[PDB]
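A single chain, nothing else alongside it, follows as structure tokens in the form solved without the named molecule.
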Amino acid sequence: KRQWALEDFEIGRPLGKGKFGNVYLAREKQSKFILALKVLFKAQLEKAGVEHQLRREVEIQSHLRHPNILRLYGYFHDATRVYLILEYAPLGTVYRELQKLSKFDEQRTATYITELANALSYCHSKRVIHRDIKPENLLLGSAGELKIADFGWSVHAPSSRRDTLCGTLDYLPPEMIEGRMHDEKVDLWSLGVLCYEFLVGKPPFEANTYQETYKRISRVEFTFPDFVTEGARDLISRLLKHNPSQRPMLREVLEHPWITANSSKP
């Protein structure tokens, strides 16, 4: 419950250069507190009409508190730009980490799904569906812990909104790409897509064209490489079911044999 401005901050090196605007390392001058400064040029926001989406991000991501959900501290607008004041994630994104390791072992994967399942559970309990779970949106804290960020696309559940689908639809479920009514079960589908990608290096329905990925997700056409263990095959196949009602609850996922067998964090 405070008021900020740019002269309150000392800005450091670029952290990552998202679409909309870039992210910098920053320090609150009076407390020397290290955080990150997400800078968005008003022009590319208003012209692309995400001016409702940004406000949804700030509202939701600032009223949530969980160790596995990246904190948003406050916001402030310049004459030309907007500034989101975010928690700083020392170890960057899970996406870059996967670029570095190619694929994850069952223990890193298991733990990432566990931490991510906890953040999602807390999210659903306050009735929030993220809808945009992808490794570009998973940051890592100081101890290498997972932290969900970018709640721009999250809404209150259930929902029936066909938002202008601008991203690769790799992590979107059938119900969402078919513009239908979806609930919190979206994030379970995403969680499955994500477990598979962590273990294999690519998402299960990856393709060379939007339309073909649409066909693959629609018909749920995915195959495991030989090296995916039977336990991982179980959890993933459970999570990737066409009907949302046949997908497990986050508690069944947290209690799945494979998960507890390989996860280091309970």
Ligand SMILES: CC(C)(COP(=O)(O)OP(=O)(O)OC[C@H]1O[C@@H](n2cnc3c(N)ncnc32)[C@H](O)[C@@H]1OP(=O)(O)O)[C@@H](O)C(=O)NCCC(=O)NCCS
Given for the second form:
Protein chains: 2
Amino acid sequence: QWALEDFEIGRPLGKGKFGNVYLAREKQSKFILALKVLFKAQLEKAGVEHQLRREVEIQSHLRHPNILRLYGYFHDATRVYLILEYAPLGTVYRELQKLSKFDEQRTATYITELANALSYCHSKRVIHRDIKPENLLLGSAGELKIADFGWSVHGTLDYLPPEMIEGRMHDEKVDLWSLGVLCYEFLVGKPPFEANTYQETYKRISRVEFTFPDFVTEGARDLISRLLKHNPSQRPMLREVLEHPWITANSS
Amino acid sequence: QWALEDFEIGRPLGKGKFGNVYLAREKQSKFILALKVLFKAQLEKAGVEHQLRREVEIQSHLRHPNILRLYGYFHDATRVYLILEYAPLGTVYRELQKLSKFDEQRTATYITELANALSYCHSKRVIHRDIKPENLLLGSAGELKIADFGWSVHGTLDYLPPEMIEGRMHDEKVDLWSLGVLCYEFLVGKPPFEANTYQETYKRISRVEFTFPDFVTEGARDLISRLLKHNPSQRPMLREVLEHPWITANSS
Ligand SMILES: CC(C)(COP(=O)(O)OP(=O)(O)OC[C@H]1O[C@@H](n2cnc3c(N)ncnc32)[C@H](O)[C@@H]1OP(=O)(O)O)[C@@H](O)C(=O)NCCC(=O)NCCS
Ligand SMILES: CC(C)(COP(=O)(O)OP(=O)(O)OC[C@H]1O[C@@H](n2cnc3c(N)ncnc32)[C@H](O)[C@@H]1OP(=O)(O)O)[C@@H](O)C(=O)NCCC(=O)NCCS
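Having looked at the form solved without the named molecule, could you now put up the form deposited with the named molecule bound?
Next comes the full complex, and the chain you just saw is listed first.
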């Protein structure tokens, strides 16, 4: 049974949606890790405590170098504590601010690491949703780590149509749209559908209206255009992304 | 402002999911109507009180001879009262039990009345969901009346795919599957995908596995087969159903 008594609390790593994250050290092993404190008060009033518990159980069994490791968890009267792998190099979003934009090697290596973790979860019947640069942390070796909870595992009837008893929404096909948006932003520095207002961004996502700057090579354009399909079923498989010539030629 | 003081309560018409329905008479007009009493205690604990209020506002503006008229509504400390049009001839489900099965004239006339009410709501940006025989009441002239509440009116974004910002589920295309299931049950006496167990019914809906008894004519088979498409976008429009040769030849 884990307890707050087992950890030495250090500097705060930052503040999240429902609490704070601290650098910590397990007292017996002297092992450095991150302790994410989530207040049940604002978790229950946001209506996400049930959603969170499901996402924590799924992540507790995921072991992949490109997925932030959840070692364990515990709780008290008002808080829930998550024992997490500490990522020392920060977020990809901030690294993209430091470098303005990534080159083709770093971009293809990031896509390779993302596609490996997603294909690992695909084999483990785990599906991931939308992926942001802010939810991507970097380990000590420069490898990225998916660091969010967006994981999922998946009489009257006589009158229901198939679109209400089947499936249905949504399969492991949104992560492929995310690979297209991320790969674009990594190479360019901006998301492909960013606009001056809300409805203009909404329209350009609905019609898939994006263009490439003149410094984006044909291999990157080919990968981004195949990932960014309005039809989810026509987006590649995760194996095709890992075997794409631009990826196999530029990935580390 | 309506109040329970304005009505004389008579015999109970039946018991619903969240209350009871009574025959009533407005004291000033001596007008016979039905008073549906819904207990807020079991409405709030079932998590449907918010859903119900939205469905009641939509129905309060629907005026169609084949839609059960909602005259008004009021509430007190623990109950919500719905002033409804009284249907004297009961449900189509019970009439189907009395007649075992309907002929082609009654079936086509029922489909015509259902399609008119749905096309009326389609023009009023109102969409209806699954339709059961138990939710279809009969007026004094033998016309059916839809008598349920299944009515509806319809920064991070940079990383969301179109299948999450668009639409999406589900359009006014489930009512067309309902017309196929109802038209079949009216002519046959049983829903087309009824089976001995749950998963067998689930499978035959998923694969659209249904057959016609030898007494079902080709015109009815043509209408049912076009309504019962696994692809919603390939189901007819409500105007095609009203113009179908089997409908136009048998409807009253
Ligand atoms: C998105 C947001 C609400 C937080 O959401 P969240 O899902 O709760 O994020 P988390 O709780 O998982 O992590 C919060 C912090 O702890 C850090 N962290 C979490 N786990 C970590 C770990 N194992 N190792 C190292 N750092 C970690 C994160 O990097 C983050 O730091 P940051 O805020 O400096 O980037 C917050 O980032 C925000 O509002 N930022 C400002 C908005 C803005 O200015 N621009 C973006 C438009 S929305
Ligand atoms: C579906 C069920 C739970 C009720 O759900 P509901 O949406 O709350 O139904 P309602 O509150 O709108 O109406 C309830 C009664 O009032 C009647 N009623 C409602 N409004 C009326 C009106 N304006 N005029 C006349 N009668 C009316 C209905 O006909 C119904 O009568 P019934 O139960 O004898 O058929 C209930 O019908 C049931 O459980 N039946 C038994 C199940 C069964 O044996 N077979 C079906 C498999 S589920």
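Positions refer to the first chain, counted from 1. Rigid core here is just the name for the largest C-alpha set that superposes within 1.5 Å across the two forms.
Given a rigid core superposition of the two forms, which one of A117, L86, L172, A110 has its CA shift by 2 angstroms or more between these two forms? With the rigid core superposed, the residue that stands out is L172.
Does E212 show a Cα shift reaching 2 Å between these two forms after rigid-core superposition? Shift of 2 Å or more: yes.
C-alpha of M181: shift of 2 angstroms or more between these two forms, rigid core aligned? The answer is yes; the displacement is at least 2 Å.
For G74, what C-alpha shift in Å results between these two forms following superposition on the rigid core? With the rigid core fitted, the alpha carbon of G74 is displaced 0.8 Å between these two forms.
Distance the CA of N137 travels between these two forms [rigid core superposed, Å]: Comparing between these two forms after core fitting, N137 shifts 1.1 Å at its C-alpha.
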